[PDB]
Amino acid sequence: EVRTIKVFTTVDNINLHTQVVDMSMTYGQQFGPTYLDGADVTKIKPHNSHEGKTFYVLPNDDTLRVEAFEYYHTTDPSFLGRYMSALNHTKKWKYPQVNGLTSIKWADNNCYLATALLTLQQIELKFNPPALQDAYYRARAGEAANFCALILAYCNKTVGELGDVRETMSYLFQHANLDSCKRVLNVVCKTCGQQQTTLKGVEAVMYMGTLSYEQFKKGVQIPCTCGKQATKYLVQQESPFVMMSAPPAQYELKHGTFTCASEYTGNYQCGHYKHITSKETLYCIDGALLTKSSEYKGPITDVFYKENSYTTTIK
């Protein structure tokens, strides 16, 4: 006797595709790799409780390929498996509200994710893939499991792997609309003269070398091809925020002079991130943990600043 149930397959969990499955064969034999809200059911035969449920599958026909790319903006064939594998874990994480922001209770080396998530909620940024748009809206409201799983998938990080905040923000910014952002820099060598540069998009909002937005406006010293030390300063800026990054070092954060910052303790390959936000006082959010202080000194790696338009007076 043949028994069947109706299920739906999906790539985006919005558009559903009716399927009738034979209860005597695995999902894998009928769809290929198949997932139920993160759980890999490829090797499992259908259960009666599965009737009417949605399963994620790979894009094995052109309708699914178009749906998958429209929703995720990626054609990496291993994306689904990485997203499903991460979601199995992030579904179990806790997402407390800390000082009005969605954070992440510490688990599985996820401090860099918590810091990035708290930072996103403090800067003006809209994502381009609907998958991130939708999941970020849910994360803002406190249901951040899908957003965190997607970040891990897009960044090619597995749960438990320690990531870098700057690298993660770089990935997230590539999937955001930063097209209006523009940066003009001037590099002044005493041997080689001037050289001005224009940066756009992600490169117009990120800098590596110094944490101070003010010193960037005054000038920082960098190598030259001739062997001398040349001075680089900010000519013009057009963006809603700027990110200043540098190798971790002792740095003093003063209330009211920045938006938020990433603190990193440890070494290159093993450590812990905390988040400092400047509100009515300085709050340090460490996953679910919250402390406050009037002044801050610590190993800072990233600082975020508000911006709209800046023009130098250094002519």
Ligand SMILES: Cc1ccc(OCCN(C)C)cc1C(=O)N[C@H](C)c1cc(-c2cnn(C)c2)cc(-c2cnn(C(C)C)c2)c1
Contents of the next structure:
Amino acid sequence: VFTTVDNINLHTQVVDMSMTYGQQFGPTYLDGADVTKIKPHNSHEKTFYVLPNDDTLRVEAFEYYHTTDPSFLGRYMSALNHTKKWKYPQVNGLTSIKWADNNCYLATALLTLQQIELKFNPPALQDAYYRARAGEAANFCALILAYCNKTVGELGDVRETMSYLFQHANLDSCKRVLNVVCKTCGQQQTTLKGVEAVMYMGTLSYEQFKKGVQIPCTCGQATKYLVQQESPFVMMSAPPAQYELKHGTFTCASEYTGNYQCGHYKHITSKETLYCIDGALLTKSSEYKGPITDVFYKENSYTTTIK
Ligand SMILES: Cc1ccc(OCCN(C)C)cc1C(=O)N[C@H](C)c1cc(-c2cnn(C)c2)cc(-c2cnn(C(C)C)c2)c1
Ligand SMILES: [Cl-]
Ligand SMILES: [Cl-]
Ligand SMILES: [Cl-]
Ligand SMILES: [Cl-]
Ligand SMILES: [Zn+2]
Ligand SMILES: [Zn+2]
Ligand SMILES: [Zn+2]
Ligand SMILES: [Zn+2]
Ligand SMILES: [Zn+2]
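Can you give me the structure for the form solved in complex with this ligand, which would complement the form solved without this ligand we have just seen?
Let's see the whole complex now, leading with the same chain.
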């Protein structure tokens, strides 16, 4: 019998058939199911996931997941019991998810991550991220739910899910410098780094951010524009409104229709033409107009031209 916390460093233990796994190993999981109350069986003699009970397992658990929350393995194994049953079709060369248990926001996020450049700091996230691009995205979706502290069936927001994931990614080299102009106060330059340098809530178009956005001032309206952007991408979010998506001006977008929270997501991507991925469904179009809430753009190093 093998016990592990990372499926890498395995620990071989000797088991019997009298006591259950709970008494011998603590809460133990096979695949995604809970074999805590289940007694050992013949075909079980394989590797089992156990909650860390010593310092060696606690250290290995942090090295793989970068978390010390004792409930993390439980939330992760509970989500995996559903995600392993989902279907992950290949739509337009991308891995999507067939609709199941309100996974519309998870599918839009999964398709978005396969199109932007991202390096995850937790090794467990990075390893499953690679398998997700290759078609095996069950572990990756389950880990996303665990890190975001969300459960299967819960209604998720794509912008909130991306932000949670961005905080577990290497965005240290990302830098955004803004300039807020105000006729009374003057000019103030602010520098953002990391997660805050790649996301903005207000407008959907990256060009309006470069031209200037009407932002309030402490004295009372100013204008904020982008001076310099050094990031592999930018995420522009705005409340759901009708927007015009043109081929070649963006990478991918998030469509939200329906009421607040209990609504549905769809993924729009710009290839040789505009593609609409709704789980397992694909529709193409030369132009698009609909309710868009998130737009992702590509970037490397931008520097403004206004004094
Ligand atoms: C699907 C879903 C799941 C979870 C969730 O959790 C939010 C709670 N969270 C704070 C923890 C939200 C959503 C969700 O509805 N998302 C969508 C994208 C959404 C729709 C609407 C909206 C308004 N009218 N109608 C008919 C729809 C408004 C907005 C909106 C507005 N302003 N903001 C910014 C500033 C925070 C966002 C977001
Ligand atoms: Cl960490
Ligand atoms: Cl992390
Ligand atoms: Cl609202
Ligand atoms: Cl772009
Ligand atoms: Zn970490
Ligand atoms: Zn389910
Ligand atoms: Zn299920
Ligand atoms: Zn002012
Ligand atoms: Zn849905």
